[PDB]
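Removed: one protein chain of the complex. Kept in place: all other protein chains.
So that you can tell them apart, the chains are marked A, B and C in the order they are listed, and the count of residues begins at 1 in each.
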Amino acid sequence: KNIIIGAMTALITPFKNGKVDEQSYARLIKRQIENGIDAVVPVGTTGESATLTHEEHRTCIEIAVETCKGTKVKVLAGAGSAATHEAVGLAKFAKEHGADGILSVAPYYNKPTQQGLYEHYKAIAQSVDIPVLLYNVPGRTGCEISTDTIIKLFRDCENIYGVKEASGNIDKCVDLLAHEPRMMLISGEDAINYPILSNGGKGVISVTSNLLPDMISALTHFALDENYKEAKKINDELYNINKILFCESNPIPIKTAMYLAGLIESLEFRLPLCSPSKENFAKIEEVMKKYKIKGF
Amino acid sequence: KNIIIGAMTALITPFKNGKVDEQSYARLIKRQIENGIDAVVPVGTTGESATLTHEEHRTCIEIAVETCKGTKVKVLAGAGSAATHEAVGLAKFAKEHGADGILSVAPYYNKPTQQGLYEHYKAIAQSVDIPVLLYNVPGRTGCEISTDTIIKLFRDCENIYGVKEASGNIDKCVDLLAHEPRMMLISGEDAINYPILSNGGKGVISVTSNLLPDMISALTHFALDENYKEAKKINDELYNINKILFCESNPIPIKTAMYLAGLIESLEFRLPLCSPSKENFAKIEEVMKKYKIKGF
Amino acid sequence: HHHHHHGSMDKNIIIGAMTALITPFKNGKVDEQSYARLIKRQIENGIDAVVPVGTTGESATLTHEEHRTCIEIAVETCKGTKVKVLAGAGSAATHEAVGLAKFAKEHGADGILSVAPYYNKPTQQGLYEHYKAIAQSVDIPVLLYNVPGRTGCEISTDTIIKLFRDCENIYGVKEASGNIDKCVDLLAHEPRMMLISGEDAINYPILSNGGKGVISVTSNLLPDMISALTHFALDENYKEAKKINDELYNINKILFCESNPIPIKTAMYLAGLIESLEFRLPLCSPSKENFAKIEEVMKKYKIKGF
Partner (left out) sequence: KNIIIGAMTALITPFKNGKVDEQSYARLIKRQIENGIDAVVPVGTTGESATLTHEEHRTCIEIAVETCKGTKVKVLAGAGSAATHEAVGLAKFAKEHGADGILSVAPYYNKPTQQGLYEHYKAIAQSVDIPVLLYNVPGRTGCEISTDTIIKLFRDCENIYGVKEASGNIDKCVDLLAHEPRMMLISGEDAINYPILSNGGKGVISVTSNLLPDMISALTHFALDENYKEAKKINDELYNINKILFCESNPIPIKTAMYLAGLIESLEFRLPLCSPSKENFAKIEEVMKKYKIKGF
């Protein structure tokens, strides 16, 4: 299978006057490239995919593709939906805009059965000829892609090559790679990046890497090179910031931190997201001081 | 406050060859009207709101509004979204096209904070002058509207008049009505319709009533009259069908039951929803045989 | 031989308003005089039964001798009254639970409460055999007790109903499970059983669905209010029962701001009803902030003295 692995960043989407700040978006991607990141994920959960329009979805994918052009850095475009017809359309558009592959979150809200998830992802994978990474995050979607369903999809669909797990379930991570060691298991939970990689996971799709791309990329590369002691050292050092970045729903903390670090102009969200509480604003700022934040 | 209470049905959306079957949709609503139902909810969760287009959403609301004219039956239009801008747009459409009120599910997938939920619903409520019922279903959305947030919205926004709860949490139901007895608590979980009503809830938004509208209407009206012996008797008798209608994710079982009773022409869903397993198909049929199902 | 048709055969029951008694300590010993005085106060404020050495009575840290002494005081104090003694007798070990059941029978308890085995997580078959052994060891009523947040296991509706139908003296269940759906499930499929509320905040919803009593924490502090709530409900005066349930919500919830019985003993101490705020380790006093919160919530209520 063709794959997209390594250290990847779920890009925030900066807003300016209620609009996507396209100059800031490109500038933030160049900063990721300069700090060792292997791929960027425009318009995932961290990029506020649910509140962007389709036009804005396209704009972000195009900026990511153009900015990464000529670098080794790939674009794994967010393209999931609760509706299969919409997810198929987003997959086809992402392929046409030049994306290297697609990330596709399990349908949220409508709780498809395992048979329904299989048909959903089979339809998506059949619509394109680029790699497709499944994305399991049951705390947000209300459903779980089972290990059996993930493995069946990997085996039955040429394009489907692994899964981004955001499920707090290292047992499932063992289950997946013990029964199907050819798949690419990707960490979707920064605090446990190292345990997922040390069990044979092959990358991360990170929130923390927005702020500390050098540290998350180094963690990932240490682990892929089997230097577990050094990968664990960075994972341990990052625990405090990894946890505070979820003191409110992601991406409220990471955007707050990027604004405090001077990396975006304006702490703007799209409703129903909004600024953190005064107390959590202070906690994020405090945890940040313990880390060296790369500039532009 | 202007309110919409009583026995209400979360309408299924029939499909025929991939499109909304508009003749069947109207016929099903007339059947609800003729069996004692007080309001109908087009394009809620049970109506596959997440997989309908904007145009189909609007078509279903218009059919409901037209079919309920000249009757006492109200239209409480589904209008929720994960994006506040889209929820406001749907609210405004429902108002301008004659809906009596709106139902608005808590944003799914993006997990807004309580402050974000407050701002989300304040924007929706300020956009229309018709009643707004909140809708909490954490198992599907990934978030909870807290009791404090529900009560503040009810007290701060003239047209927010209560909440549809689908949370399995009778403690919260007591909390809500003990601290704000003027709100309209609406049961969103059929199996516990009677306990919610007997604590002072004032209606149901029912899945089971698609199949058995006369029974749910009678349960509700006995309860509103404090004829609790009779209301509990029906609630007890309905437990088996109330539970089997969730043997797979709603609306897979209820649409299956409607098809099995000849009330819709085709067992068609929009992906990622799909037909139930053959085993559950048979289980639903066997439970149906214990109930008296009205025709057209 | 055994059989599956006990459901409509005569079952002695213990229902109504019941109190899960705190166990007061003085210098680390059971304060036996205070214990009797607190029970008399329950009797005089309309309570129908008392539960010595349940969860609220710190059953896990009493010695077997102290457990037996508390049952004896409860039995002696309730003689000559309408008030029944439903003795705590559960255990993670079936052999211990049988021994406690037999003691309660031989020392004059009216019935036993028997919590689902904690920590060892028996299967539903194991729970069935556990309670079959207990029920067949005595001839007094047995109330099952489901509290999965504490035990790590659940007695399923099907197992509860099987036990009710298969054993003469098992007559119902005390539910502390935050699960009104299960409460409907139970009484819809087996309306002959006695469902007893084990969670004060939802006493009225359980009673209004046909539950027939409560085993209360709040009634340690406010026995007249819990008794009135229950008797109104049993008479189908649901307006008055709900009014009391709503008024009690604040205290009902603050009594669990830390693990029960830490808040209720704190409230009883603040009310002057016990001499010292003494627990047995690993239980201990609440945080200073929760101490203050409990004190504040109490102010809205009229607390009966002795």
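We take it that contacts are C-beta pairs under 8 Å (C-beta built on N, C-alpha and C of every residue); 3 or more make two chains touch, one makes a residue touch a chain.
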Of A:10, A:75 or A:173, the one touching the omitted chain in the full complex:
A:173
Can you say which of C:19, C:23, C:55 or C:146 touches the chain missing from this structure?
C:55
With respect to the chain omitted from the figure, which of C:92, C:142, C:248 or C:255 is a touching residue?
C:92
So that we can see where the missing chain sits, which residues of chain A does it touch?
168-171, 173-175, 177-179, 181, 189, 191-192, 194-195, 198-200, 226, 228-229, 232, 235-237, 239, 243
For chain C, enumerate the residues touching the unshown chain of the complex.
55, 58, 60-61, 92-95, 117-123, 125-127, 129-130, 133, 149-152, 258-259, 262, 280-284, 286-287
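FYI, only the chains that are shown with their structure count from here on.
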Note: chain B sits from chain A at a C-alpha centroid distance in Å of 34
Between chain A and chain C, what is the separation of their C-alpha centroids in Å?
50
Counting only residues that touch at least two other chains, what does the list for chain A look like?
none
